[PDB]
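J.: One-letter residues, chain by chain:
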Amino acid sequence: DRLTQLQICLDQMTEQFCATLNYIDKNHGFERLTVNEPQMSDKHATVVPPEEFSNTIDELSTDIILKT
Amino acid sequence: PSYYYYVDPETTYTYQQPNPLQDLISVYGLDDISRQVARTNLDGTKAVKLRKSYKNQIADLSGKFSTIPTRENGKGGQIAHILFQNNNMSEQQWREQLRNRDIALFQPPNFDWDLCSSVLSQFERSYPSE
Amino acid sequence: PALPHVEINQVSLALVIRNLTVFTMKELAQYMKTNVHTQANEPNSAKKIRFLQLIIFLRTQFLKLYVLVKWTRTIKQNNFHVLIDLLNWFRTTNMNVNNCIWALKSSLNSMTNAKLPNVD
Amino acid sequence: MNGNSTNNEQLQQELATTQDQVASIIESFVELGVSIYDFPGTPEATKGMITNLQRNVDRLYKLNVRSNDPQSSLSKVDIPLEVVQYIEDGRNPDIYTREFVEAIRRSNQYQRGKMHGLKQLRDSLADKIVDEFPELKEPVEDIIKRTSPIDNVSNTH
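Chains as they are written, first to last, in the entry's author numbering: chain n, 3 to 70; chain m, 11 to 97, 110 to 152; chain l, 80 to 199; chain k, 1 to 157.
Worth flagging that the hints you see were computed from the coordinates, not collected in a lab.
The beta carbon of each residue, even a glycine, is placed where N, CA and C say it ideally should be.
Please note: incorrect hints may appear among the correct ones.
Covered stretches of chain m (chain k as the covering partner; in silico rule of three or more C-beta atoms under 8 angstroms from a C-beta of chain k) [said to hold, decoys possible]:
no.	stretch
1	11 to 24
2	27 to 37
3	41 to 55
4	64 to 77
5	84 to 94
6	126 to 139
Using the sequences and the hints, build the whole thing.
T.: Right, here's the structure in full:
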């Protein structure tokens with residue numbers, strides 16, 4: 003049972019890698035390389051506030067570390 | 011130090027070619043397009059809003075043009091595919119039969135102008151207009 | 080920097096000029112050969128309204144050619160193929176991250192058979 | 001680059017004179033159109049129409065044989081299908097250019113957002129790895145140094 007929990011934890015922790023990559027690929031935004039260039043977005047992209055975006059990145063990393 | 015697996019100090023990674031961090035418009039010099047059809051001038055003010063149709067590029071003709079020739083008015087036709095169809111002697115010689123390879127549609131029997139004159143001579147007066 | 084060049088679904092403007100000329104003058108020859116003879120079903124008034132409709136058609140097609148070549152005057156450096164290759168490269172690069180994600184998912188799916196369960 | 005500069009100069013000259021030729025064709029079109037609309041039926045009017053067809057055919061002759069001319073960038077200039085169907089739809093092709101170059105900037109900014117979000121994930125996870133496991137300080141510093149190399153295509157904007 004203990005090795006069973008170990009295998010479960012490895013599978014879930016690799017799935018945590020997958021889910022972290024999923025969120026960071028789908029829920030990012032747009033930023034300014036320079037201030038002169040125009041900024042725009044569409045309805046098909048999930049625009050999120052950057053501060054809570056960084057908060058979710060931090061809590062995903064803490065979940066990865068805690069699973070480790 | 012402690013070695014860890016597939017963490018190799020001599021293995022190095024470079025940036026993408028081209029790098030999407032930079033403005034690839036400026037990298038390949040598309041600044042002329044960007045500042046020629048930018049919605050705003052690059053000093054903080056709004057530029058002129060260009061029109062939806064091609065009135066600006068058909069306004070330099072003196073003709074009967076008051077409306078817009080579109081798909082839905084029944085005056086135009088779909089010529090895109092016919093528009094898209096496709097087919110010693112030195113380079114110069116090869117190029118004048120390249121220039122002369124299409125002239126065969128210009129003379130009779132394809133475009134007999136005596137027959138053109140005969141059909142155009144049958145035209146009577148006036149045109150029925152609503 | 081090098082870009083992957085694509086030559087699909089693109090045509091040369093010499094070819095569009097040649098194709099437009101052969102289309103309009105094949106249509107002119109066809110109208111001549113169709114309207115050689117005059118009958119009761121096709122009077123000369125029908126011939127003249129068909130000729131007027133044909134020249135309005137040619138008017139429209141050559142006006143759109145005029146707009147096309149006006150649009151070609153807008154590009155100065157003739158780098159529209161650089162534009163196209165840049166955006167196809169952009170599609171490849173926007174797809175690489177999802178491809179890496181799907182590669183990790185395939186690595187995940189490879190692990191389903193590869194365990195050793197609790198002993199019975 | 002001298003060859004590209006000079007051949008683009010004949011691009012501009014060739015497009016301008018084809019503007020002239022196509023406009024002359026349209027002017028011939030407006031005059032035989034008004035000939036159809038107000039035809040008096042006279043033989044002089046018929047011969048004027050015949051000469052109108054003559055001048056239309058020779059203008060098409062000139063521009064077609066110049067589309068087959070080797071001393072031409074008519075073939076080197078490239079045309080796609082979306083702009084020609086967009087003009088056939090009756091809509092202004094500079095909007096097509098605008099939308100396409102704006103799509104360039106959209107994809108550039110979207111991929112840059114991917115890169116910066118991935119960098120935020122990378123350095124946050126690296127800092128938390130260092131905080132949790134003190135024996136992983138050197139491998140994490142090596143990984144960050146290797147995945148943040150010397151900038152040759154990032155210092156310039």
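J.: Return the numbers of the hints above that this structure violates; sort them in rising order.
T.: none
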